[PDB]
Amino acid sequence: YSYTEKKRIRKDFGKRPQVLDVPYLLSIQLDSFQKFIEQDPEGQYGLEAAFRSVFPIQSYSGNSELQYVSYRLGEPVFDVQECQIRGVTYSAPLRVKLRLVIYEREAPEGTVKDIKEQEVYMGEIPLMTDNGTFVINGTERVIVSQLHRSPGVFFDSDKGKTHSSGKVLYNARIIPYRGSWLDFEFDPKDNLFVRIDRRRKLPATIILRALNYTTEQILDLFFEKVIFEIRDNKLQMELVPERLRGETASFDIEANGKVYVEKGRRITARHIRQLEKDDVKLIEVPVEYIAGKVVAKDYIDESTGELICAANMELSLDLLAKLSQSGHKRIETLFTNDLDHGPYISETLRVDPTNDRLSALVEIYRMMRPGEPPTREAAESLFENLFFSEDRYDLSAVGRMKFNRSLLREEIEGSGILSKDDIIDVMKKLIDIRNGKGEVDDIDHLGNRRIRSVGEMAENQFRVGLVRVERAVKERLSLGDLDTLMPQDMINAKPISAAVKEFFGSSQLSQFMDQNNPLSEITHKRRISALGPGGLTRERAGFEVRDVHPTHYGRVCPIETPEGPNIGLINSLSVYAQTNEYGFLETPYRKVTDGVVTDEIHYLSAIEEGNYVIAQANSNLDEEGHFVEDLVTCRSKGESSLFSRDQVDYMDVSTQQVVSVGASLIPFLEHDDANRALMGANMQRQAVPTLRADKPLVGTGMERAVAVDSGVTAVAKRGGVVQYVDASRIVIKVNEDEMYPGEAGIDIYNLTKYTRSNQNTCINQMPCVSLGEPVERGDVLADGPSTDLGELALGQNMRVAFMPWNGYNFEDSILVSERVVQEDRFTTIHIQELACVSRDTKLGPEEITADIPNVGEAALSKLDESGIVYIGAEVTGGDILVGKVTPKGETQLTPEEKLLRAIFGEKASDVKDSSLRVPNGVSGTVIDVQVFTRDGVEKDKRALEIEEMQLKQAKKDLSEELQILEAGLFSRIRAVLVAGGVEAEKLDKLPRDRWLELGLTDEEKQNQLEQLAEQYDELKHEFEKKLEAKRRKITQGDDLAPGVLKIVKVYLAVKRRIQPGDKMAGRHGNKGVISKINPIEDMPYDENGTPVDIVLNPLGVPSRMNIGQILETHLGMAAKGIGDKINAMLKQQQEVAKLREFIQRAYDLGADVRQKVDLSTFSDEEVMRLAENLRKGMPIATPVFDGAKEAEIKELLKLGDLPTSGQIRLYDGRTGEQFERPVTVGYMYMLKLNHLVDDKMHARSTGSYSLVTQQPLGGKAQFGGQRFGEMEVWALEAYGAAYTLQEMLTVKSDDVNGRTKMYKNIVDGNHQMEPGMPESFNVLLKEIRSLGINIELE
Amino acid sequence: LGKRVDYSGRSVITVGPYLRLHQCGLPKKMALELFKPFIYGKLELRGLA
Amino acid sequence: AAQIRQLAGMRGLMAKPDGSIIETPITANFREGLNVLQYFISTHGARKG
Amino acid sequence: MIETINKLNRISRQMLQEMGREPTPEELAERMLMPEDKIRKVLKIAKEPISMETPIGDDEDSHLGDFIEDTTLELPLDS
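Residue numbers (full-length UniProt numbering), protein chains in the order written: chain A, 3 to 1340; chain B, 343 to 391; chain C, 734 to 782; chain D, 456 to 534.
Because the hints were derived from the structure by calculation, they are not lab data. Hints should not be assumed to be uniformly reliable.
Heads up, simulated DSS-like pairs for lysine-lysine below, C-alpha to C-alpha not over 27 Å straight-line [stated by the list, open to error]:
| # | chain 1 | residue 1 | chain 2 | residue 2 |
| --- | --- | --- | --- | --- |
| 1 | D | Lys462 | A | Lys118 |
| 2 | D | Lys493 | A | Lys900 |
| 3 | B | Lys371 | A | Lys1242 |
| 4 | A | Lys890 | D | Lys462 |
| 5 | D | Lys499 | A | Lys496 |
| 6 | A | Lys1303 | B | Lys378 |
| 7 | A | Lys9 | A | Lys1178 |
| 8 | A | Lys914 | A | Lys958 |
| 9 | A | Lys954 | A | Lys914 |
| 10 | A | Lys1178 | A | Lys697 |
| 11 | A | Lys8 | A | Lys1178 |
| 12 | A | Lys844 | D | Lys502 |
| 13 | B | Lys345 | A | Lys864 |
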């Protein structure tokens, strides 16, 4: 136990004790990144894998050689805050020391001629922070892990609808990391056509004759040989026992002297057993028996003649007579069957286009690259660089591991190049899987879908960048002049950085990570998508990738997935499933030894799970490890059935195995439908916090780890005692056990203030700990934007009543009270960005001044002489935030405005009112004004004062940091001085500046004092170094886009309340819109008098099957009753020792609580703070499938002075009369969404049209109206409305000379329909006229 | 066929239960910005602007 | 009636991804709670729908 | 100007290889023996304009062209 648990003890309802705790919730991101970036030369993984698969390289004919030895990634030149506000990619230069040696011409092996061992910068790979985020171009991006096709072999079975009358096709493909797709697709005639990279079909013998094997070799290497004999010109057969099995008797099958079978006899197992027992030596066969069994030998005339019969020749009676005339007695024929070993390769060999090796190889060149007639060497080189080249094919012993595990092999290590026996192995497995023997995998199996994480896909992108720079260096190195050719200029930084910046920020995997909640960050980092290159698309997918498999138990969660078009493509990772060394997903399990389970951790992959039995953690478990109920249900081989005790070997470790981290936060999933849980977790990802993060009342137990594992909170790297806590920083004093001699014993946490996220909301690391309390290792110091005391504060908790009130909760809508905004409970900070950009056109550069025409002085009253608002200016929607006018060209005026300029003194000069104003409806203040400028441009007084404010911040904060660090170091020095000796006058009364030179007698404590003195000298050096870095970072020339004078950024921060129209949802998918902010006098209330805050719709319960929200509501009412009992016993201030019995009675009501915590071992002050935190409700945890049954919830209601029925007889607010039915009322803990009404309400009226088709735009930031789509056109025409449709497509949006006439008609009051020629129908007319088609009107 | 159009306001749906069957709600801000030619014509025809 | 029969009583039949029906239906109901195996058999047909 | 901007790109690649940081226009201007305003002028005209069918959104439903402001503006004022 720790100290942060004692405040708000989270009581759990876990009936099974957990063995393994919550692992790191940034597994597939951060562990893959540290596998990618660290110095691991022995493992050949990450950056080292690509660096050893590309390098070493050489020149032509042995003249030069470029080697890779001593790479080192440099220091990152920026930190997270300046690259967030500036828009620069958070990266470090990768200075790899490339060693270019030159071969000696006369020597057979060139050792040393010119050692070019120069450090060469090769690309800027992005750096992942401790949170697990990539700050690319200012936006905090997270690249999702790709659910691609696993490398190696994959056998697929069709679902019909390709060939009628049955005859299903078991096709098989070969998947590399990159290159070609070796496919083996069958035919209705069963010819197994080989397809390469989705081209046309080709016979299989085309690729089999290119390995220099002849036709008899490939015939013998696929099937057994049935040796027929001709004994003294009589037909016999030396029969092997493996051939004649499970067939019919075409002739009288007998022995050499004993009759065993007749003609037309069904050969059962009895005939086979009698033959194998008595005699199988020589069986005589008729002449028509071999006619049908095709010969597999190239039998020629033995004396001098040529091939009388080749391989795969259709034998006949005269052909058998010719074979008896010339040949040998031993005849090796192809074994022909229908269900064991069919003659399918003979059917490939009946239709082969070419037979020779050359023509064959060429037969390929035409299928791969058609139209070009190749030579021998060109086709050979294309075959080598398409199938057997390391530059175009790589598996790296993981795809080879899948290739060996799926083809019944045993080797784990294999080279990335496919072997000549690998094609033989996959074709033998193809014949076996077409003959029925063996099992076939499917697309939905998780052993066939691997995790392409951030590190692996970044390794692949750096690999293809290495192929591009290899194509550069192969033509750069072989052109001489190798004396002035040090390898810096030879390795161009353009394609590598272009690739690693096109993948980071512009690929389909890279997207905007929603930083509104820590839950959204950790469910977007643990998000397994299947888009981009390699994976599927949202429009080209079926039901197989979306519907889950029984192998998805614990690895890929079926809940957290978006409700859009790609409903199953973007999956997510569970809490306990991590990535493997190969890359597959593993679920940890506890080993069972014949009914005896242990508490160790055994991870199990998806393929190795298919031959085992998996028991769930919901079974009855005792305290030493057995099965209580003697009969449990388990999973086996992808199914589910009942099992015994001793047959089980693997046991699940915890009850939250199958759910995501965004889904484990959902309480009462055992009482929840899977329909509402998916979109409920989706909008819990889209949930947005409030001003004050209230305590989460109903919990799950995952809340105590998601904050510490998210990284947005102040994490305890070293534990100790709180020394000084500010609103922007926390200084904790590290204790002696976690103290390092090379440090100062002080870990200051620079808390991030109100910065902008990627969803226009606030991020504020509020300090939550008090002054003077111990915080141990791994605990919380400052809660983030949506956390509270290390617990995930997604929203707020309040009274919710499942009852109808005047039809306001009609179709699952929210009816709020006044107290959600009167107490400011649901108000929300929203930090946006509005970069007033001053680009430089031809008609003068854009100045930022204050004198703006055509505006009043009250609009410019909150501006300085530079036009920028002061810090803290409460601006309103419509005012000007930055006065940024442009010098416009002298546009030709209308003569009426020329007369107006001649009459009055209105002289509109080249200054133009183009200042970016506040968008209308958005109120709020300003929190920061970031100003950036180009080099060579002077600064005004506002940019100078903002640079001075930033310099004063970086001076004063670092000076206070150095002051408290000096205080902690001198406190350590004083502790050493009082540990060695004691001097109350010489040490304490003397000032602290003369403490480095003062020393005691020579001891190890004196050596530690000298170590702290030289550490303080290094601190004085690095403070000057950091001040120089801040001087060269703050007022440096900000590298922006060219042709820009200066870019100023503002941050509007609005206290966005819960307006009518906002989106608000609970924890069970019960979403809704704010119908009306109802006054609290109209809201219903209980007999105690507490007015309810939320009026929820009970109509959406039985259709959507979410009864778990009612269980959550009853448990929340019980927890709130306990909280009101605690608040009633606290405001009287009677005693403390009754609370130590009452809350302890409230912590044990189930069958067996997972934590048997006692309040007798706590202090008076800790119990007082625990009760003070328990005043705002009771933190109560419930597992997702080990939750509380309604009996314990009824006991919780009985302990909180509440009826057992759960529904309290309520009193109405509008009429005052009590209802005839008791009303279910309690706590739902609903959350504020990201689909707020100021982000949803967006209209448009004649502003900022387009240029292509003269169309209104779309989007609120672009200020464009909603699309009147074609279905709305068909419905409006189904009404028969002609005049509205003639406006909605011709004179409201289309005709530029029509909408202006309509506007002038409506302004002058004439509401007359004036149609005309549409200005986008003539767009189509001139488009098809330019296309080459004549068209005109009548 | 399916084109963007002016005077089209994207907004969420809320519950008005105190209205008739032919009556709906409308925000005063969205009706203020949405009905701008009607607002200007009614302000010029009344003499208030 | 099917929603109430699956809410209060046990679940009738789910949907396997190959088109068949799971031979072990959900014995428990929503008020009693669904096991982690039983929630998986339910979410099979739920994600299919 | 194509030849001078190709020489400027080669000098910028050389300074990237020699420094590691992003190339400022000052070092390229002093190595190009040209004034800095001409360097920023030929840097402004950097590359082909973004075509109209690039997926600037999250999906393939809204390409470019639905975000361009009108040069021949018809405001409520101007109409």
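Verification of the hints:
1. D:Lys462 x A:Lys118: holds (25 Å)
2. D:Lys493 x A:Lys900: With a Cα-Cα distance of about 39 Å, the restraint between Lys493 (chain D) and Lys900 (chain A) is violated, given a limit of 27 Å.
3. B:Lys371 x A:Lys1242: holds (13 Å)
4. A:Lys890 x D:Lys462: violated (35 Å)
5. D:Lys499 x A:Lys496: holds (18 Å)
6. A:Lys1303 x B:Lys378: Holds - the C-alpha atoms of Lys378 (chain B) and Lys1303 (chain A) are around 15 Å apart, at most 27 Å.
7. A:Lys9 x A:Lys1178: The hint holds at about 12 Å.
8. A:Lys914 x A:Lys958: Distance ~41 Å between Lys914 (chain A) and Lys958 (chain A) Cα, so the pair is violated.
9. A:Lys954 x A:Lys914: violated (36 Å)
10. A:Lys1178 x A:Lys697: At roughly 7 Å apart (the allowed maximum being 27 Å), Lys697 (chain A) and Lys1178 (chain A) satisfy the hint.
11. A:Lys8 x A:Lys1178: OK: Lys8 (chain A) and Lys1178 (chain A) at ~16 Å, within 27 Å.
12. A:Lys844 x D:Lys502: It holds: about 18 Å lies between the C-alpha atoms, which stays within 27 Å.
13. B:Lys345 x A:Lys864: Outside the cut-off at roughly 41 Å; violated.
Consistency with the previously given hints fails for numbers 2, 4, 8, 9, 13, ordered from lowest to highest.
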